[PDB]
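Quick setup: one chain, the form deposited without the ligand, written in C-alpha cells, and binding and motion questions come after.
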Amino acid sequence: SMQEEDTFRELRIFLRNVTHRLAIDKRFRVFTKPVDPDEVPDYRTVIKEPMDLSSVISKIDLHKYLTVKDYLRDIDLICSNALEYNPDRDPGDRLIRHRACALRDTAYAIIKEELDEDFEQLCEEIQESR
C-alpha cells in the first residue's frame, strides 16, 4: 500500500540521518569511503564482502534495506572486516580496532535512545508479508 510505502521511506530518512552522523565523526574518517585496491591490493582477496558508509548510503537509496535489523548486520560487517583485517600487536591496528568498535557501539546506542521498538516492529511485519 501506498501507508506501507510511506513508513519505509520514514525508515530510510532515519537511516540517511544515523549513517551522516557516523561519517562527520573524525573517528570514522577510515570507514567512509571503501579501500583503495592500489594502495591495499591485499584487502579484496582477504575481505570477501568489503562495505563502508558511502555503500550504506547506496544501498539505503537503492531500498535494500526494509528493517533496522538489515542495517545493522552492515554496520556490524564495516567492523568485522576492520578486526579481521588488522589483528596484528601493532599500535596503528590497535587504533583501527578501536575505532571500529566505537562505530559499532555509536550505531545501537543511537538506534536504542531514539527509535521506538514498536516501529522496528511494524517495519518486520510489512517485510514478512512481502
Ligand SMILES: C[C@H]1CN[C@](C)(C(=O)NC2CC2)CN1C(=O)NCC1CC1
Given for the second form:
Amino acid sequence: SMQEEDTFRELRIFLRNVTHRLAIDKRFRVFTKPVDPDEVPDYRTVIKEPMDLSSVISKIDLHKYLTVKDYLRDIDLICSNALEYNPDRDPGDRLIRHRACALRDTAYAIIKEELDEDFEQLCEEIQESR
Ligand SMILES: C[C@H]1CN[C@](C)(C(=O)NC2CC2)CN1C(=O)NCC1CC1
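One more: the block was the form deposited without the ligand; return the form deposited with the ligand bound.
Whole complex next, starting from this chain.
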C-alpha cells in the first residue's frame, strides 16, 4: 500500500541521518570508505565481507534495509571486521578496536534514544507480510 511505502521512506530518512552523524565524527574516519586493496593487499584474504559507512549509505538508497535490525547487522559487521583483523596487544591495534567498539555503542545509543519501538515493530510486520 501507499501507507507502507511512506513507512519505508521515513525509515530511510532516519537511517541516513544516523549514518551522517557517525561519518562526520573524527574517531570514525578509518570506517568511512572501503579498504584500498593496493594499500592493504592481505585484507580481503582475511575479511570475507568488508563493510564501511559509504557502502551503508549506498545500501539505504538501494532499499536494502526494511528494518532497523537489518541496518544494525551492517554496523555490527563494521565493528566485528576490525576486532578480527586487528587483534594484537600493540597500541595501533588497540586504538582501532577501541574506535570500532565506540562506533557500535554510539549507533545503538542514538537508536535507543530516537527510534520509536512501535515504528520498528510496524516495519518488521510489513517485511514479514511480503
Ligand atoms: C578498516 C580500516 C582500519 N584497519 C585498516 C586495516 C588499516 O589499518 N589500514 C591502514 C591505513 C592503511 C584497514 N582500514 C582502512 O584501510 N581504512 C581506510 C580509511 C577509510 C579511508
